[PDB]
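Single-letter residue listing:
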Amino acid sequence: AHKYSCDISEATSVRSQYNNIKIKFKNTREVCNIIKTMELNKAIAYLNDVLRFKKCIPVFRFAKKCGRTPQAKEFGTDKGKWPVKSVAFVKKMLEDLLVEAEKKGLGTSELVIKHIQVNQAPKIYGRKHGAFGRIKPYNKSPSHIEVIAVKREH
Amino acid sequence: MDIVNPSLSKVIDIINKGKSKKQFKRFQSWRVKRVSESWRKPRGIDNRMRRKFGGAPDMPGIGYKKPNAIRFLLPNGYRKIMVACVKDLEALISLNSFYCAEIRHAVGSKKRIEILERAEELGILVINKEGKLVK
Amino acid sequence: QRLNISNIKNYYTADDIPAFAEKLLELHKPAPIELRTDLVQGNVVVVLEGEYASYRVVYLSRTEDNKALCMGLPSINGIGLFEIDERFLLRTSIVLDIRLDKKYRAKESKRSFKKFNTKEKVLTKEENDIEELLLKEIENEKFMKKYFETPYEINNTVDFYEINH
Amino acid sequence: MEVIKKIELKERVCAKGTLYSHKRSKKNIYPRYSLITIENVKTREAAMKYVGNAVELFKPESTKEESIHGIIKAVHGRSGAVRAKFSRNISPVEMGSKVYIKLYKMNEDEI
RNA sequence: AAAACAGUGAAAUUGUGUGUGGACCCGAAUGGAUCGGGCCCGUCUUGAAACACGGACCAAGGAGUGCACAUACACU
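Protein chains in written order, with the authors' numbering: chain LP0, 2 to 155; chain LEE, 1 to 135; chain LE0, 7 to 171; chain LFF, 1 to 111.
It is possible that part of the hints are untrue.
[Claimed, not checked] What follows is a set of in silico ranges between Cβ atoms, one per label pair, in the way DEER data are often shown:
hint, chain 1, residue 1, chain 2, residue 2, range
1, LFF, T43, LEE, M1, 58 to 64 Å
2, LE0, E138, LFF, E2, 31 to 37 Å
3, LEE, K19, LE0, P38, 28 to 34 Å
4, LEE, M59, LFF, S21, 29 to 35 Å
5, LP0, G68, LFF, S21, 54 to 60 Å
6, LFF, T43, LEE, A56, 52 to 58 Å
7, LE0, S118, LEE, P60, 40 to 46 Å
8, LFF, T43, LE0, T19, 55 to 61 Å
9, LE0, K127, LFF, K98, 32 to 38 Å
10, LFF, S25, LP0, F63, 39 to 45 Å
11, LFF, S79, LE0, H171, 24 to 30 Å
None of these hints come from the bench; they were simulated from the model. From the three backbone atoms N, C-alpha and C, an ideal C-beta is built for every residue, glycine too.
Using the sequences and the hints, build the whole thing.
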């Protein structure tokens, strides 16, 4: 069992969730932020363009000292990025929901990403040796993920 | 619940609208989370509140104490007494003009029914009447 | 005695509270308001408050303490018979010679109102009667009929208390 | 439209004034009382004839209450200004606004 | 050295949704622009807002006690 972070009906929606994933937290929420409220086929098309360096992910909260780029103009900012490892995971996750939709008897179209959220999972510890005989931390920061898509009333 | 003490019925609203809503928060409890809101008197050598500079907040003291007649009076015009037994109501039989009863939280459903039945026949006001026993 | 009462109840002898209640009630009692002397039967007055403000009307009687009774002219200006606080009237020096037979009563003209009464106008025998009295005093006089039709307007160029009425 | 009518009714029957300050010293303010100037009143002797009269602040854009009532308590200074009290304290946002003076007296309790 | 119940599950801190503001507190208000007053606490010091020192944040622990010998007071 899992308590999804909001209340939407079981009929007319499809869902997935995963725990402790080993994609990097801060990169993943910048990805999720931009595909919220988007239609599922549009989302999958956009993420394919990011993998090919034809379009970018814009950055707003975890964004200090980031590079400027002409592809960011599509979202009214200068700053953008190409986090390949997070994009491959999210793309797979979304594609599986179209399988579930088809099998459940909704249409493959008119599905819209109504809810999506990322949470921090516990740290995995590591070490690096420094100068003057010191040892310093070198940890890893994984994540948890939820998605719910619904059929447009139209 | 909308009930009032009959001796104060034409006065209760003046009384209620006259009560202060001042709070005496501890100094700098707004600045750091480790200091709670509960009042403590400042005792520093430099402290601006102890030294009573204009613009610092006010400190508690005897001047703010209410008149002896109004003090302890609930907004319905009665004073309260705690009860946990049928044999407790028996005490209020002389005092029901000014006092009302409040059943203690830990008394359970089966017992509360027996308290309320007795309260009806003796003519005593109970302020937690609905309580847990709404279902 | 049972332990609940020997401690809590002890705070106050509450048998004293009636005496406090009386003294408090006395202090917040309203002050009296004076009934005025300056108005005589058949004085013209100007209405200062409520739905009928700005019109001239004729004063008939004192009614119920500060309440007074007035009539418009349903033919001339459309205002019927009504009641109002006697302070909401500005006096003027014209006096008609009307005298009435009996006492009559009507709806009060409250200071706060939500909506205008554009329609639904009818008259009683007494409204008819009183108009058909007032009208006789008005018909014989030069511009008096038109006087009752134009609303009053305060002069915006001089201090009010310099003017006479 | 009732607002347009309620204005014209008031305009025909009242004197006009403007709210300009709370009662204040150089340092402190006393927001329970407000200061008003009346259109053509220009001496303290002239102003004394208004002490006791009703005043109203009408505000049609308000969602809560369309008008606030008050009373003139005292003269202030030597050039014909006055001091007044209202049923609620006047906000600093309401300074500069137009006030109506109502040509009849009321008691301090009525407001 | 650490490590009790496969109970309960606070605060610091994070994400999403909905509201309110541009450091915040006190006094007084609006439909709405805001008005007036306030320098950072603790500590030594003639004198601290200091270009004096200690303090990133939260929980839990954390400092006038026991005995002997004379003593003045209150009570038996």
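Each hint, compared with the structure:
no. : hint                                              : in the structure
1   : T43 (chain LFF) with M1 (chain LEE): 58 to 64 Å   : holds (60 Å)
2   : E138 (chain LE0) with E2 (chain LFF): 31 to 37 Å  : holds (34 Å)
3   : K19 (chain LEE) with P38 (chain LE0): 28 to 34 Å  : holds (30 Å)
4   : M59 (chain LEE) with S21 (chain LFF): 29 to 35 Å  : holds (32 Å)
5   : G68 (chain LP0) with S21 (chain LFF): 54 to 60 Å  : holds (56 Å)
6   : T43 (chain LFF) with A56 (chain LEE): 52 to 58 Å  : violated (44 Å)
7   : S118 (chain LE0) with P60 (chain LEE): 40 to 46 Å : holds (43 Å)
8   : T43 (chain LFF) with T19 (chain LE0): 55 to 61 Å  : holds (60 Å)
9   : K127 (chain LE0) with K98 (chain LFF): 32 to 38 Å : holds (34 Å)
10  : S25 (chain LFF) with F63 (chain LP0): 39 to 45 Å  : violated (53 Å)
11  : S79 (chain LFF) with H171 (chain LE0): 24 to 30 Å : holds (28 Å)
Figure legend: structure checked against the earlier numbered hints; hints not met, in rising order: 6 and 10.
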